[PDB]
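**Q** With the hints as your guide, set chains 4B, 4E and 4C onto chain 4G.
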Amino acid sequence: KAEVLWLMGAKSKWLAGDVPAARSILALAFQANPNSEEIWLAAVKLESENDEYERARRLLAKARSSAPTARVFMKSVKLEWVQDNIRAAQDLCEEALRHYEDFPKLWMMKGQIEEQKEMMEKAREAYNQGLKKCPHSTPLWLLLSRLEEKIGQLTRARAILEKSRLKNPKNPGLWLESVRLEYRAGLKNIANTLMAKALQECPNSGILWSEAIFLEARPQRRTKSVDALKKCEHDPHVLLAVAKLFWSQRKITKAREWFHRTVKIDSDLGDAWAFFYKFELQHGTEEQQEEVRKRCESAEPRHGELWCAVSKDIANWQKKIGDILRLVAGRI
Amino acid sequence: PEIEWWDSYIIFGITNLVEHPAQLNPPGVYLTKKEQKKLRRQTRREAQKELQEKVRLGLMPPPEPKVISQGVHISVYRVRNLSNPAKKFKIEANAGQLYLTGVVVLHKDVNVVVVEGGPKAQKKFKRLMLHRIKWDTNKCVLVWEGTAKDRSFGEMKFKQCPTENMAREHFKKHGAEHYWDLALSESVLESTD
Amino acid sequence: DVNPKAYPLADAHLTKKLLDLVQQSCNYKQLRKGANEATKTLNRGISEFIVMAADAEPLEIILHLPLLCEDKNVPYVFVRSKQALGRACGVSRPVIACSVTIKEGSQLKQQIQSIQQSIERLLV
Amino acid sequence: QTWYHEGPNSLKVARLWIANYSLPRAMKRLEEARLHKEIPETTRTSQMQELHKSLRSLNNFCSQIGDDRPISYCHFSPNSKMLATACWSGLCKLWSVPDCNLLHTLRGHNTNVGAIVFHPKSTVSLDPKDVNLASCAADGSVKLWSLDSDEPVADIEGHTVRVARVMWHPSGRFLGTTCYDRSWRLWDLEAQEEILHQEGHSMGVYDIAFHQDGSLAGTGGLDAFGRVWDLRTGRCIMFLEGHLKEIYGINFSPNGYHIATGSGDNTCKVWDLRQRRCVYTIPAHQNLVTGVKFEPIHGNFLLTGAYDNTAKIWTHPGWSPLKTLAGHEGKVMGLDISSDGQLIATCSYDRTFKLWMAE
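Residue numbers (the entry's author numbering), protein chains in the order written: chain 4G, 606 to 937; chain 4B, 385 to 395, 412 to 427, 437 to 476, 537 to 605, 627 to 683; chain 4E, 5 to 128; chain 4C, 164 to 522.
Chain 4G with its partners taken away, still in its complex shape:
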């Protein structure tokens, strides 16, 4: 009645090191297909982990033969854009768009490739259409706002962010984006006012409190950190902010303790691991760095504000965890 047992067995086999056994099980399940399209996705992932990316392409062709949801078209466009001209990827994206409008990830990928190529106005149009049809997609709003700001015309970006906040409303991501949009300009007091409003209407938001802690002056940070701990305790973002604050004050032992707490609370956050690694290499022995590396490689994280900023750029998409961690740690 469900492939939950099959998925559990596949995960257990992958955790046992047996490559041939898991590969044969996946191939047999895909051939018999006593499950959903997840068989094709597992085959593609294994082929990527198989001898070479040629196996991944073969698995993609096999899935296309099996014809899973339009996300297969997204994967095909991604593979084309990895190493090819924009023509094939654009054609695949257009075919998927004709097939389906939402998922919005198709519009996101289309716009990102459009920026990747010569001009940006078409990317703006793609984002506009995607937002007009989805329409409740925070990532699409963020992409459009960042595109508009990068060109210039800060006023239009502010208007777009205001409309996005109105439409939802009351989600911490758009509030944080607006605060950062005001901050990047020469307007710090306006950013503080927007921070006050966002914390008024989103009190228990970890990321908003994390931003607020460091939006303060040096002597006004301990009380803000205490307030953030009181409101949203056990939140990985606030614990990471506290660890960063302790590290910034040279209290390295407490910083290490709070980094340990942050990793033990949530292991699926990429930013915490990178910050811990940089703190360890700046303070501590080399076996500490290696131990951090091993703990991070034991559990693969995601959902990072800047960790997903590298794990999504098409240049290093297929790179693995250790190099991604080094890349993220080297950008601060």
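In short, the hints are calculated from the structure, not lab data. For every residue, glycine included, the Cβ atom is placed at its ideal position computed from N, Cα and C. Be aware that a few hints might be false.
To be verified - Partner residues aside, some chain 4C positions facing chain 4E, computed with beta carbon under 8 Å:
1) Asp302
2) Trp331
3) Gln449
4) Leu451
Unchecked claim - Straight-line C-alpha distance at most 27 Å; calculated BS3-like pairs for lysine-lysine:
5) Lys835 (chain 4G) - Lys21 (chain 4E)
6) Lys595 (chain 4B) - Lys775 (chain 4G)
7) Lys802 (chain 4G) - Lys849 (chain 4G)
8) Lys113 (chain 4E) - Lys592 (chain 4B)
9) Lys663 (chain 4B) - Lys577 (chain 4B)
10) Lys768 (chain 4G) - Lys76 (chain 4E)
11) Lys21 (chain 4E) - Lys592 (chain 4B)
12) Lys793 (chain 4G) - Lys755 (chain 4G)
13) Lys589 (chain 4B) - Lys21 (chain 4E)
14) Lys446 (chain 4B) - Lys86 (chain 4E)
15) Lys772 (chain 4G) - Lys603 (chain 4B)
16) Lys443 (chain 4B) - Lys33 (chain 4E)
17) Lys447 (chain 4B) - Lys458 (chain 4B)
18) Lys486 (chain 4C) - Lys738 (chain 4G)
19) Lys793 (chain 4G) - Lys775 (chain 4G)
20) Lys447 (chain 4B) - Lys20 (chain 4E)
21) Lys86 (chain 4E) - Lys443 (chain 4B)
22) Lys649 (chain 4B) - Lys662 (chain 4B)
23) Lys775 (chain 4G) - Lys592 (chain 4B)
24) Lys20 (chain 4E) - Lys443 (chain 4B)
25) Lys475 (chain 4B) - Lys463 (chain 4B)
26) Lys37 (chain 4E) - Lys802 (chain 4G)
27) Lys650 (chain 4G) - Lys616 (chain 4G)
28) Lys772 (chain 4G) - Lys595 (chain 4B)
29) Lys113 (chain 4E) - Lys593 (chain 4B)
30) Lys20 (chain 4E) - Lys442 (chain 4B)
31) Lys593 (chain 4B) - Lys20 (chain 4E)
32) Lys443 (chain 4B) - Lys37 (chain 4E)
33) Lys667 (chain 4G) - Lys606 (chain 4G)
**A** Chains 4B, 4E and 4C alone, transformed into the frame defined by chain 4G:
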């Protein structure tokens, strides 16, 4: 038309005079614990003294040993369907109990409720209508909330109207058709999306 | 008559409501007395609204509070007499500024919201 | 008790000037309206439908941080290429439209600024270094400004308490003012001295509006009662009532028929001057209506803004909910429509002003 009554009036009544016409007017502290104690003490002491002096003068024997005016708040909601009898009874009972005048007009997909009274009653009724009643697409929204100089109906009355013109003319009879106009137009725009 | 700079000045009816609500807040342990403590509440973001007296002798000693309230998005009003505000606050001395703070699940929420809405209409 | 009082003869000569400036404009207006109203019906229906669709297709942009303090008023210059904004600080600013670039910030006010209004011929027939703008403050003070000074020019000292609003007479020779002495004054520019001090309101006056042809003047006070004075002879001709709370906005229509008022009871009243009767009452917003603005020369829709965080555009006549302009995070303190009718501006308590345009 060819001339407005003011322009007709002028064409001469002009001279250096400034008018001042027809003036028309528009339409406690708490006690502290110490003070409380002091007041009680003084009162009881005075009572005891007066009773003692009453005894000393023979009037009593010696004691024996012990052995919307000035403005009415109006609110206007609209509901998708309101044909349920229990909810209609709830609305009517609460409106009458809170002394809320007004009317309910049922229609195809637009059932408009107009209530009038005081601020506290209005808040209680709004809380009842938006939070206490469980409508489940059958939704309830607040069309308008303001104030007027005086009341415009007498009491709740569940009028029934299947034709928009009938509802509009019924509302106009009192002089409050703008509520129906706004609710109806908002309903059309809601339906067009 | 009082001072042009105490712009959002309440009237007698709203003054009575405000003082009664301040007394209730004091009874419920949701009140802070003094300009310094009002400033602290505004900085900590735990203030519902701020009430100030319009008869402060220099009156520039509490004019930072309107700016702080605008920055932190909090309503504020001016009353006429600091003696009355101090009496409503629960002390015998005059009080020129007080703040009603936020308590989770308190029974004064509806009155506080009504007073906030009433205050926000005075800025015209 | 219509107790009169003889004033100066300068007032009489100014009244005659107003009369002979206004009468031909009125006759031209009636002739133009009569000529226009007798065109085929289908064309009018189609053009009005297209206008309604365009209004429905309105989008916001250039949301600009006007200052560090709330923005209290915004006005469009003639030719609709500059926007003058007042702030609760002592600063007034001029921005280029539609790029919204700051031009020669003005200084001189010490208290909260109220309204700032361009001269009727500021950017068409007036040299920049002449009187172009007029502004008033929370304390009794009114200052005139030019376009190349950043400092004021000859002021007016006839007021001792808060001045609510200032407006230019359509001719441009006279400037109106409303004070909290329960009165409103008329200041002559050529003579350069106050010529009329009208007192007819129970409490302080808030808003003033001038008829297009320069004949009448509408006044809305904090007593929920409005007046329609005749500048030719004073002698308030229409006392309009029906609001229970203070009136904060008043605006004549391009046609001499309609007046619109907004008050604290969350309603917008449309009165007909040719019937001396309130003709409609719109339940516009869920808070006090700060300002009501009829459309420019055509005058085919009404714009309202209230202390809720939205403005609204309604059909006229018919008064149907054409559009709602949301986005502001604070109270809408003022709004204006470009003289060409293709741009709308709204300031806010949120320290920003936004521009709405048909996409």
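**Q** Against the structure shown, which of the earlier numbered hints fail to hold, in ascending order?
**A** Going through the list in order, the structure violates hints 2, 3 and 5 and respects the others.
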